[PDB]
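All chains should be modelled from the sequences, with the hints used to inform the complete structure.
There are 4 protein chains.
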Amino acid sequence: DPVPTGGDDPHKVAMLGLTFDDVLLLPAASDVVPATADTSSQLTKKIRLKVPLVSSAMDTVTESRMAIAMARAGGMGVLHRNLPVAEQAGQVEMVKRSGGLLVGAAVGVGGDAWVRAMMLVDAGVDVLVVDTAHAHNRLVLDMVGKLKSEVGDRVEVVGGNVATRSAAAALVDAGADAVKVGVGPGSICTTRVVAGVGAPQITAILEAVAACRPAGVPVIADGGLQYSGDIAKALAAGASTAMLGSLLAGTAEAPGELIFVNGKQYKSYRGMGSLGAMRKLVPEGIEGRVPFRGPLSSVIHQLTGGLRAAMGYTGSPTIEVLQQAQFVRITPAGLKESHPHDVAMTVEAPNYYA
Amino acid sequence: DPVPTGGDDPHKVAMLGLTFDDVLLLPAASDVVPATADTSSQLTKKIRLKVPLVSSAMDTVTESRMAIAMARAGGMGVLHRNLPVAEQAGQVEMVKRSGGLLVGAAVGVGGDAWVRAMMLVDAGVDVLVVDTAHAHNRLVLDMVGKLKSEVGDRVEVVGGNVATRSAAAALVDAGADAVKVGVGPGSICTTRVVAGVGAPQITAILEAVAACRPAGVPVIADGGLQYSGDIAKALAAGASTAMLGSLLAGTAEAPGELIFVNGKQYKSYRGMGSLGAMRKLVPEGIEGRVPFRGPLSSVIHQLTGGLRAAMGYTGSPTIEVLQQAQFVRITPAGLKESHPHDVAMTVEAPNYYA
Amino acid sequence: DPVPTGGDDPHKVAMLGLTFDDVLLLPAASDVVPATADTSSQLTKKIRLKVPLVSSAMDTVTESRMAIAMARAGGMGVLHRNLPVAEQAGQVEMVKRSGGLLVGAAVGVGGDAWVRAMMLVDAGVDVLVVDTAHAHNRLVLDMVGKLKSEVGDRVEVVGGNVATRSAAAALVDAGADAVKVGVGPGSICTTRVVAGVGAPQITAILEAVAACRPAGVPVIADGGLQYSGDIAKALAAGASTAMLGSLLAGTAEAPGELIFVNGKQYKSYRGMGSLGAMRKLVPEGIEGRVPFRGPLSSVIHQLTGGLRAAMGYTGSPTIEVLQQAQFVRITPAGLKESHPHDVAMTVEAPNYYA
Amino acid sequence: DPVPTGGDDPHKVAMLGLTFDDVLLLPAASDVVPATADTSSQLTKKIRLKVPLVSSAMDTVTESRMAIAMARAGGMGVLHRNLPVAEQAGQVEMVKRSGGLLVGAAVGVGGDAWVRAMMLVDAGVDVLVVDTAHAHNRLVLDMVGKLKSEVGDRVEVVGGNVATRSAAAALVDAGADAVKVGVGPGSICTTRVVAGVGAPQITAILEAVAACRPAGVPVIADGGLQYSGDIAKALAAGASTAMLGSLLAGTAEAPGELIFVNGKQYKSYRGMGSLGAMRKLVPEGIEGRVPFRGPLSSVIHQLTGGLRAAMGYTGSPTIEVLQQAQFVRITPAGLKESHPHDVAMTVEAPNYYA
Ligand SMILES: COc1c(C)c2c(c(O)c1C/C=C(\C)Cn1cc(COC[C@H]3O[C@@H](n4cnc5c(N)ncnc54)[C@H](O)[C@@H]3O)nn1)C(=O)OC2
Ligand SMILES: COc1c(C)c2c(c(O)c1C/C=C(\C)Cn1cc(COC[C@H]3O[C@@H](n4cnc5c(N)ncnc54)[C@H](O)[C@@H]3O)nn1)C(=O)OC2
Ligand SMILES: COc1c(C)c2c(c(O)c1C/C=C(\C)Cn1cc(COC[C@H]3O[C@@H](n4cnc5c(N)ncnc54)[C@H](O)[C@@H]3O)nn1)C(=O)OC2
Ligand SMILES: COc1c(C)c2c(c(O)c1C/C=C(\C)Cn1cc(COC[C@H]3O[C@@H](n4cnc5c(N)ncnc54)[C@H](O)[C@@H]3O)nn1)C(=O)OC2
Ligand SMILES: O=c1[nH]cnc2c1ncn2[C@@H]1O[C@H](COP(=O)(O)O)[C@@H](O)[C@H]1O
Ligand SMILES: O=c1[nH]cnc2c1ncn2[C@@H]1O[C@H](COP(=O)(O)O)[C@@H](O)[C@H]1O
Ligand SMILES: O=c1[nH]cnc2c1ncn2[C@@H]1O[C@H](COP(=O)(O)O)[C@@H](O)[C@H]1O
Ligand SMILES: O=c1[nH]cnc2c1ncn2[C@@H]1O[C@H](COP(=O)(O)O)[C@@H](O)[C@H]1O
Ligand SMILES: [K+]
Ligand SMILES: [K+]
Ligand SMILES: [K+]
Ligand SMILES: [K+]
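Chains as they are written, first to last, in the entry's author numbering: chain A, 28 to 127, 253 to 431, 454 to 528; chain B, 28 to 127, 253 to 431, 454 to 528; chain C, 28 to 127, 253 to 431, 454 to 528; chain D, 28 to 127, 253 to 431, 454 to 528.
Treat the hints as calculated values from the structure; they're not laboratory data. Be aware that one or more of the hints could be misleading.
One copy or any two copies: either way a pair holds, since identical chains are not told apart in the list.
Stated by the list, open to error - Straight-line alpha carbon distances no greater than 25 Å define the calculated DSS-like cross-link-like pairs of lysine-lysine that follow:
#1 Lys454 to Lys77
#2 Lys123 to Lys300
#3 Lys123 to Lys77
#4 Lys39 to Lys510
#5 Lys72 to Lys123
#6 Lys72 to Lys298
#7 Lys416 to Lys72
#8 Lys454 to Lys73
#9 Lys73 to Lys298
Here you go:
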């Protein structure tokens, strides 16, 4: 970062971090229309999805109903781990016996996490996600490496989360089959406020990709996505898939009863590091609610439609070509101009609410 | 773009995009006053307007009443294409038989669009606008080139929309008589959110102009304009005309009945890519309403008055000289200072509402 | 401006404009306390004020009561010109016969303005202000030069307004005794929106000063000031005095009756380019109201107290040394941190309202 | 500062100032977990705290109850000086006789301040804080140097406040045992608005540290902190401790009765430069209220928990290693993404309110 901002060390403030709202994809020469785009992409080294989307491993987003629906829509669910091992394993079996659908499951770090992992593999899980706030901790890299050693022939092992090139490189050397990027950008996340730590999500992807791409390891962009265009941006920055919590938490298939506050409909959505999920603790998430959004299938159709539009605009027949697209950086005025502006919206759009 | 923002490719984030609110025109030495300014400008290679303004080809902005009024005010209307071919053609005839006024009409891409185009030419249209979200698609360049080949002796052919230098260059090589710039900046547009694609409108004009100006092809700045000063900025960036939807949709001549909500008056205004206009679809516009603004003539007087003021300030006797003016880039504080600030407005101004 | 923002001309977007909220003064080594600071400064080549403040030539800010009070407080008023010549001249006499106080008066450009000017000189005015939106117009430079030729032995002649180095240089060569800077930053001004023209006020001062300082011509910073700290910033950027409209319009001495809306007290304040002041016109100002602020003397005490504080902080015993102080440029976060933040204000401060 | 912003002097606008919301800490390789972090740090050359936090010397933040509680929590209180000397001294004795707890006390500059200081030393104070708005004034450096000469064997002497490298260097040469950084960032402070003076707090720390670190003098980051992550940022920028007013003013131990406005609970909090504290004056602070936050111990637990999280993320076993961490600079979009976003919070978190 060139500009003088204090002190005598030019590396103290090491770069300028961008996130989704900071950039637009540039249109390019195209012989692609949304209809002819191919949205398939690698979830891991061995697993390719038809639709490059996976649901967050959260107790207000993914249990078996969500996992089943995501798989049928061409993506995948990652089953959360805030429940007894026998119950998480049973949910893996529920998905597996609905057509041999793909499914993943989260585990932590340690002895209990290891027992959880072995049970999940026994239940037939396809992907284990080592699900942590900071994968550059040595204990996490150990967990990833040992799982890959012991069961890596039977199962794919994802490691996360990271926000730097060096952390992505450490997970690759540990043997990760994919690397999940996102420290702090989650809609329900307070890590960046409470700890003061993280990196803006576009820059975090660009950096992780610089480590993972040359090693042939897919990057999963996790957190901070709010519009279908954000998915296109994350993939163009080099991710192969995107993980969604907020965008899916409001759907019929997410766990939770409908909340009916003041004429409107909502579903609860909460961080896994919130007090409520963990039950003095120092939480790194909040508890809240999102608008009810109806069937998962209709949300995914809108998201994939927006991604297909982006592929047509950028002349990308495949996700692999989308990953080569270019950005322009924009100002606050640019962002206001990008949204609808100076008009009163009178009708809801299925892919846009202010 | 010099500053490090992630990864190892300096061309990934290729430049900084500016739009109207990011810049001001610098005053210069002047022997021009608003009264003596000459606002005429090229719409196309062959067509010069007295006032460098054209109304959007939208079903809530331009049918024959709007086209007639815009022509009489010294500009032009582009008749929308969300209606049967015989009806669009009939409206062209309505305008033509009100004094031989100039008129344009939108067409799409394909066989039905081609039949539409031939009928419009037969009705006496002066300008065909190949009206698309992404003119850098090969199908659009083909449509432009074939129209120019078949009927280009009888009619001027405009192509759009683009947001890059390379896309403008492709339209010029395809034979466009003008190039329309604007991917996503429209007030009712969600393309930049839904697809994540576009470029801020001042930068988009500067880039398109770098391709079109040396080839002698006029650029039409389309979308994102909200104040008379925006028109001056778009022209100074090198456009020859500006296309307006939002600013004209509220006028008496725009299609639509007056809406009377809660003591106030409005007219409907909607994207042509909204669900409502297209009638599961994945829309790229919204449906809404804008304040009623009275007769078109009075709006155009205010817009041209603001443009004339800019010409006096920049010492520009003609639009061609305005296109040589300089900008200063501004911060959010600069923008707040540019608007009225720290005062409660007690009376409406005819050319300013907060 | 180094960063790529579109096109092939590096001078198209010629620099980055800053205004007051973009910068802070850096504290420095000091043997000055607010009590020992000397706030005197040149209004013009020949006229030094005890307090570097002058009231705007506006019909809601300065008639004779305001002019008298400003002079007694150690500054000066400039009498507005939206009234018959005999009446403006009479007000000059009212001030002159209240102790031989300093007074200025605005005039325009042309034959009627020239008659106005001669009458004002006859009435004993000390300063003529050629009061225009764009002093880089040739007609204005002619007016300034001819006044200085004809009556420049009897009276000081101020010219404005400008926002560029070249325009300030032209006024200096025309013979101006001071140069007034400010195109568009006024609180009631819409020029930057309606015409799209101007330059952020700190940059406008820095540029004008680069022309005026080496010629020994004082710069008057006109418009955009809202806090006592803004006065210190304008002077540190190199201005010698500041002109205030909004900050003084609410005082007892400003023309206007008190407005009592919904339990509170206000006074009308309006641009001289508003429809109301000019009485289809294309206005460049709005009509509004500001909070009532009580006696002028108490406002000026607060403003000078804040300026004296700045002088103590920067180690400036005199305004001439304050003009050598340094800035740091700040971000939106910096600006939020500069104001009170994260607290509910329960008591009014005499020099701060949110 | 490279970019052209006006005039011909590249040093006029000398750098870009950042504050807390402008930066995030980058995660790094770590063998630290929050539990194993060591939060101890130097308050002064001779005094090490277990927890790197000290309460502001304000009459709505620190009297003896607060000083006692802060010391027991592993930090320190600085007793305010808006009260008679015998009473401030008595409060020092109250703290000293509650277990020989550490305590500091503020003094001003001059003869009365000197008498106050001698009485405080006699009462057994551990730290004298020369408590001023501008320590680069020569009178302040004299006060610091004379105290260190006369009583510097018995007591540690802190000097502040500063916002520049040169001012920190002057205090070091004057003999300060620590340097307090912060000109204007306080939540109740208006200095930056009223005087227009200051520097954004991250840059102010980086600059002061460049002077103090090589001389082995600890820096106290004072003002502007609102979240536990801010404490981690201030320390990573090189401060050794942080001083808090706003974050502690709402606690049970802060002076003040509970205010019960409209169903909610608050405590008064006011600048020491506000009219109310000083009792025409020209104040540099405001009077207000903050939410009631319960026992001090629980607030400090949340703050230290967030700091420990940051240490785990950055791989810092000690504060000395945290001081070597790196930042990424972020945009407004980055800041929105850092907070919770696009969710309605339904439950209060103990370490986060919007
Ligand atoms: C046409 O109205 C606009 C305009 C003018 C703009 C936008 C927009 O979203 C819309 C709404 C979009 C539609 C109403 C849908 N539509 C219809 C057409 C007519 O031309 C269709 C042809 O345009 C090309 N095309 C149109 N969209 C794409 C895409 N997403 N990817 C690749 N090619 C695309 C393709 O060759 C196709 O055959 N273009 N967009 C916009 O973002 O900036 C300008
Ligand atoms: C005079 O009040 C201001 C002032 C001081 C400012 C502004 C403004 O809009 C106004 C309101 C504008 C008016 C009340 C209209 N007006 C009257 C005059 C008196 O001088 C008129 C002469 O000023 C020159 N002039 C004034 N405006 C222009 C222009 N737009 N283009 C070219 N020349 C212009 C021209 O030579 C003309 O003969 N200037 N503006 C402003 O934006 O920054 C400063
Ligand atoms: C003391 O509280 C603060 C503190 C800590 C800060 C600020 C502040 O406005 C205030 C409020 C200001 C006052 C309560 C007034 N005050 C009293 C003192 C005690 O020391 C007084 C001495 O401090 C020096 N000093 C204090 N202010 C100035 C100034 N504006 N210009 C030059 N010198 C100044 C000068 O030598 C003077 O003898 N400093 N400010 C601030 O902006 O950042 C830190
Ligand atoms: C797990 O959920 C997340 C995720 C995915 C993210 C975040 C987050 O705050 C949370 C909430 C945090 C928790 C629910 C707490 N938790 C539990 C785990 C499971 O793995 C624990 C292991 O992860 C490592 N670890 C986890 N947090 C830290 C830290 N602050 N410092 C050092 N190491 C840390 C450490 O080795 C530890 O043994 N990670 N965070 C986040 O900010 O970005 C991604
Ligand atoms: O409590 C937490 N604190 C921080 N991040 C969390 C927490 N719980 C889940 N996450 C992350 O936030 C992501 C969802 O982000 P969203 O799509 O923006 O709502 C998840 O996939 C996790 O990576
Ligand atoms: O639904 C749509 N989505 C995106 N852009 C549209 C749509 N309909 C019209 N437009 C564009 O928006 C322009 C009007 O923008 P406005 O002047 O900012 O309201 C039109 O001239 C078209 O280029
Ligand atoms: O109607 C107008 N349009 C633009 N600027 C104006 C108008 N009337 C007065 N001004 C300028 O605005 C200044 C006052 O700005 P303020 O102190 O920010 O309210 C005056 O001294 C004039 O330079
Ligand atoms: O009235 C004042 N004006 C300016 N700063 C003050 C005033 N009173 C206290 N301060 C500073 O503000 C700090 C507290 O800031 P806070 O933690 O952001 O609320 C104190 O420790 C002092 O350095
Ligand atoms: K838009
Ligand atoms: K303004
Ligand atoms: K402040
Ligand atoms: K967040």
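Under a CA distance limit of 25 Å, which applies to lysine 123 and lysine 77: within one copy, between copies, both, or neither?
-> within (18 Å within a copy, 53 Å between copies)
Between the shortest in-copy and the shortest cross-copy C-alpha distance, which are at most 25 Å for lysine 73 and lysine 298: within, between, both, or neither?
-> Within one copy only: 19 Å inside, 47 Å across.
Up to 25 Å between alpha-carbons, please classify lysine 39 paired with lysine 510: within, between, both or neither.
-> between (32 Å within a copy, 23 Å between copies)
Status of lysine 300 relative to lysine 123 across identical chains (alpha carbons, at most 25 Å) = Classified as within; 22 Å inside a copy, 59 Å across copies.
Check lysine 454 against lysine 77 for me: Cα-Cα at most 25 Å, and say if that holds within a copy, between copies, both or neither.
-> between (44 Å within a copy, 19 Å between copies)
Homomeric proximity label, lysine 454 with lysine 73: Cα distance no greater than 25 Å = neither (42 Å within a copy, 33 Å between copies)
Quick one: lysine 72 to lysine 123, C-alpha cut-off 25 Å, is that within a copy, between copies, both, or neither?
-> Within one copy only: 21 Å inside a chain, 64 Å across chains, cut-off 25 Å.
At most 25 Å between C-alpha atoms: does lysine 416 with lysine 72 qualify within a copy, between copies, both, or neither?
-> neither (43 Å within a copy, 55 Å between copies)
Have a look at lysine 72 and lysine 298 and pick one of within, between, both or neither, based on CA distance no larger than 25 Å.
-> within (18 Å within a copy, 47 Å between copies)
Violated hints, in rising order: 7 and 8; the structure is consistent with all others.
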